[PDB]
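Each chain is listed here by its residues.
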Amino acid sequence: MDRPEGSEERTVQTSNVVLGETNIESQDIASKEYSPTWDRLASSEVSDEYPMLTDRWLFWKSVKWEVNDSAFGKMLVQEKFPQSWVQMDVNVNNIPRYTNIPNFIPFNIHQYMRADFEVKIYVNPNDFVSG
Amino acid sequence: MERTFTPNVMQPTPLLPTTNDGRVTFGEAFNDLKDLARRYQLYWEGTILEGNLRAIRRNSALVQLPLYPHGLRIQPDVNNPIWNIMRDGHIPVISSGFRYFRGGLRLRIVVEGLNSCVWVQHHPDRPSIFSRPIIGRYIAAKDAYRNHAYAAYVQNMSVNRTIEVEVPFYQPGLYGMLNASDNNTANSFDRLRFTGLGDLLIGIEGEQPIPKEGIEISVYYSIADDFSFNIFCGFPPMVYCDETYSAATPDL
Amino acid sequence: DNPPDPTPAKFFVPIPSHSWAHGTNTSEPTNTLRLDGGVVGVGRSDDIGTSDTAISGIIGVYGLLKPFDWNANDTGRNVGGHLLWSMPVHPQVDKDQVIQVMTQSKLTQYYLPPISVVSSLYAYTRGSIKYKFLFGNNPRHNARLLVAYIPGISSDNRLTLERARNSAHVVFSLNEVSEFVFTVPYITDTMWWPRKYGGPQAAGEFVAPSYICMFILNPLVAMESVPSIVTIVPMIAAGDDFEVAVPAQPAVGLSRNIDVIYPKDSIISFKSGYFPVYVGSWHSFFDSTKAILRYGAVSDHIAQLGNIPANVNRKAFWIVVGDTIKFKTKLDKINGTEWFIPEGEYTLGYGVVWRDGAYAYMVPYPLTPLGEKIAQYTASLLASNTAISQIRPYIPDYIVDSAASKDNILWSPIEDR
Amino acid sequence: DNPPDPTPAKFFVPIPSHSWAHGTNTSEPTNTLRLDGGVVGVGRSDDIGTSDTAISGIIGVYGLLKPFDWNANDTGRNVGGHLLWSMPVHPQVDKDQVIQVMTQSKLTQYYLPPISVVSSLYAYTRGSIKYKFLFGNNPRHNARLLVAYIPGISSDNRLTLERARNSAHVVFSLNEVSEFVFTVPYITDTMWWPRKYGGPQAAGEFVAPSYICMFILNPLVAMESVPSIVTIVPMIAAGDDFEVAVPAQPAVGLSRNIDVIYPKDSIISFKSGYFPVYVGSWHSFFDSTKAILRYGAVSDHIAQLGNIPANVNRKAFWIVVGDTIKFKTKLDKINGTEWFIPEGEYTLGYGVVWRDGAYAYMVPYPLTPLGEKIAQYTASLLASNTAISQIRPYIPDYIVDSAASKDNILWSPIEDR
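Chains as they are written, first to last, in the entry's author numbering: chain B, 1 to 131; chain A, 1 to 252; chain C, 1 to 417; chain C', 1 to 417. A prime marks a further copy of an entry chain.
Everything labelled a hint here was simulated from the structure, so no lab data went into it. Quick reminder that beta carbons are idealized off the backbone N, C-alpha and C, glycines included. Where hints are given, some of them may not hold.
Stated by the list, open to error - Across the chosen pairs, the derived CB separations fall in these ranges:
#  : chain 1 : residue 1 : chain 2 : residue 2 : range
1  : C       : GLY76     : A       : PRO236    : 35 to 41 Å
2  : A       : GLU2      : C       : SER154    : 28 to 34 Å
3  : A       : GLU2      : B       : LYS74     : 33 to 39 Å
4  : C'      : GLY23     : A       : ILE82     : 16 to 22 Å
5  : B       : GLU33     : A       : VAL154    : 43 to 49 Å
6  : B       : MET52     : C'      : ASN218    : 38 to 44 Å
7  : A       : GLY234    : C'      : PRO250    : 56 to 62 Å
8  : B       : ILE95     : C'      : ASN385    : 51 to 57 Å
9  : C'      : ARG392    : A       : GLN208    : 58 to 64 Å
10 : C       : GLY322    : C'      : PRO14     : 26 to 32 Å
11 : A       : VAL154    : C'      : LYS330    : 55 to 61 Å
12 : C'      : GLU243    : B       : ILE109    : 50 to 56 Å
13 : A       : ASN115    : C       : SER154    : 54 to 60 Å
Unchecked claim - Calculated cross-link-like contacts (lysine to any residue; reagent style SDA-like; alpha-carbon spacing at most 20 Å):
#  : chain 1 : residue 1 : chain 2 : residue 2
14 : B       : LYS80     : A       : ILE231
15 : C'      : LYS264    : C'      : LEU161
16 : C'      : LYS271    : C'      : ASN408
17 : B       : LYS74     : C       : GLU176
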């Protein structure tokens, strides 16, 4: 910290959401990136796209891990993807609904769907821990 | 990219000069697992007696064989010494590191002890949801008898006791699943039609009796030319073959 | 017109099948089960990649090895010259440097890295290996390590820091750095090196050519407001110069089915009337301070083993096959090693045969990776007729009589490096 | 001159026959039974066309589906929002939407359209389907219909007009128009779709991907000098984008011989002395208002079934194989369905097993397509342990004792979707 403001925070914008980061990332890609061609052979109905809704960085879970429950191989998250994320808005009976989250609103009126995904993991520790 | 991420390298010596994957010292190269998967290995082998077949054997099937690129679920027992100490072949070991595939398989059926004729059919729209074969009188009628219009091959043992066929990929989707579970109820559809190439049925066509020793059917398999191991996920944990039969008794 | 064709017949040799071994650089005649009788191949698109079986792309992926803790407050170990971590260098990792899962009566599951899995498919191997070291530190921690590659050495029996510095080595500083890679050389008297682990009954096995060792140059320092332990996670991948020669029986099998049928001819047990058995003590064996298997509480009632075949190696220890028992034992740390068994209840997994004249007795060992090592070492000491007083510290202690077995207990012969 | 020919012999592999599967894009060696030993083929002219086996030209021909009446005077049904007609969309038509001919002890004959016949020869299918609707009207009749294509739905369980409008649909006006075509889309999560009907024992069968439904927007109007009923005849053909993937066991067989031998191992009957049987009533079964099979007029003389094998599915109903009987029954219209049996004399074709302790009884059903459906539904209700009071409306009523059988009656297990 050497400025009146703390220092410069990098910014990443998508749709109407802006994420701030301050450090150098760790990155990877599950498989080779590509543009699909055989999806057009599956449905004669025109495939709708809602980029301002879907290309939006959305907040998922927060999971709290403590020193007393942190062992080698401890699973902070084990979730079916993207099922668990798209179905994260449940009712009193733990039944999911696609009706409230704008990113998921197209899932309610369509039977079949496809997309590529990106997942960010944010941890904000102090200067004096290790893990 | 993290999987291959190598920061702050500290290398005391230069690299080791190449041999082109063995081509310099031996006459051939070894750079692709796909090449090894094209070397045949045992898929399944068993002995069949008259008692395993239907009382009245109306040219009925001998073996109902599910076709998986990653092979069958092995059963190590006193009667199967190979699976017990050799365990799974190279192809199931190779397959375990990949999620999907899209090609065909090449088979080789070796039938010994039978003087009759053997028929072989491929049922691409009827693949099994279990990783084990079905034998003789336990095979349902729908499969126990020759079906029409399926790709087939009929071979007299008098001319040759080895059958060579290539099984094609006839699946409605993009990929076929490798390493699929038999315990699958949440995704039955995936397990039913997006996993196996379809059952291969091996039957007998003649009235000749089976010898008291029975007939032996040995099915070898390998990857076809149009086959691809597609998405590299992790390898699963392994067992060591030298931990089956110990070297404490070096000869046994 | 019906002209005769008196062209001489050719000699041909009939064979039942085409090549079984060939997998590349050749055609294969076959009966394709298709409607199209030409050279046919399944369709493709970008939705479906090409085969990702190129070896270099597989073995380049890092795999995790057995992690270890690095305690800054250990005034005994955290000193200059101390050996933190060491092992032979070869593509398959040593079994005891890999994450394991053991199952009673079944096979052990090993979490082998990609370079280890692929190498077990081939007979020979060569090239540099990338050892990535990941440290669980923060900007307060500091140290300096010396990691070395010792050609032609397989163990740390003569290994010291002041010798390790006389081989190819690197010196790493942990000053606000958490990852670094030590790409070790390939120094051999030959061009290809035989794999270490092979097949059943150690078929075609051999040894590693070199050793890697991590020494403490400048000991780890922390502060009071910061964790005093720094975990180190070793990882392994193939260097850009790595190659694999020759297809052989896989050294490995899948873990979908970890069942195994040990040879019935090697199985040994207790004589009739000498079972059920329990873990206990008796006076003529280190004044009844060590654990042995008894069949009763009257003394000189120590379970006797049945006939032990002569084809069983003298340096071999044993593993329980069928049902077993639990027992409470302990073992104090042995001088010059990190070998100790804390006082706890353990299942009986291993045994070592103690001979007294025409009678053979069995000594119990815990079903644990360290118990496997101590059992093996003890069997070796009995093999060289080591002093009875010097084998004493390698034997589990007697605490209290344990439960008895349902019936007889069956054992199978095994042996390690 | 007699020069030696030391040319090395070649390796060849003997096989008894040429390809059995190949039907195109290859030559086939064979022994032609002709006098001319060359490549010979029968002569032709314009008198003899070329083969008309091009699939697209076959499946483009419309086939007739089960017609239905559309009554303008039905103040109950002829209202906005009413579902007139609906079924799953797939190339083979649903069996209950096709003209049928049943034969006692034989197989049913189905009048399948060309697109249905061809599709039963192949494993996969895809593309648009043309549904032509023909109306028996004249310029007085008027209405508006809403026909919809619902992707991912197989039944009308959650189907209403006010939901159907939220999928691909068309709105047709019957104003001096008698024919129109609804070319429905192909909306799937995959590229090929497995056929619905396969082989014996439902070999390789699956389900349809989508649903088509016809709703009443503006109800049918007629006048007093004009027929109040308008028949609707649905027809089906393949769209220009239709394709068929993979040869498999035909789902169909010819109707030249409709004989069939049901498996002897599945056959069940009545215990000795418990036949001949007749249809009647008894008190402990809905106060003797429903039909069951008795063996005498003394009470608690209800025909008992022999041993029923455990491999028989619990939701399965039964079909009579040998000789049978005629009986007079009826069933009143069931709420929420168009299910009713008018009072008439019917042959006994189907049965459902009613269990009471260690005794098993058989409930009679008429040999009629609707009787097949009601029998199946009842067997399913017994399977889920449905309330005895709620299964009551699905059981044929008792009117009067019927003739007895010549001897025992044999039954075979069957099951529908």
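Do the hints match the structure? See the list:
no.	hint	in the structure
1	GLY76/C x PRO236/A: 35 to 41 Å	39 Å, holds
2	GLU2/A x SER154/C: 28 to 34 Å	33 Å, holds
3	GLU2/A x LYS74/B: 33 to 39 Å	20 Å, violated
4	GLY23/C' x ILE82/A: 16 to 22 Å	39 Å, violated
5	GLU33/B x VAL154/A: 43 to 49 Å	48 Å, holds
6	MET52/B x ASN218/C': 38 to 44 Å	39 Å, holds
7	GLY234/A x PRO250/C': 56 to 62 Å	44 Å, violated
8	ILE95/B x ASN385/C': 51 to 57 Å	26 Å, violated
9	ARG392/C' x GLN208/A: 58 to 64 Å	59 Å, holds
10	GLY322/C x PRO14/C': 26 to 32 Å	52 Å, violated
11	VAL154/A x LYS330/C': 55 to 61 Å	56 Å, holds
12	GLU243/C' x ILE109/B: 50 to 56 Å	29 Å, violated
13	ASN115/A x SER154/C: 54 to 60 Å	58 Å, holds
14	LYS80/B x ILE231/A	18 Å, holds
15	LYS264/C' x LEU161/C'	48 Å, violated
16	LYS271/C' x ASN408/C'	9 Å, holds
17	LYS74/B x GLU176/C	26 Å, violated
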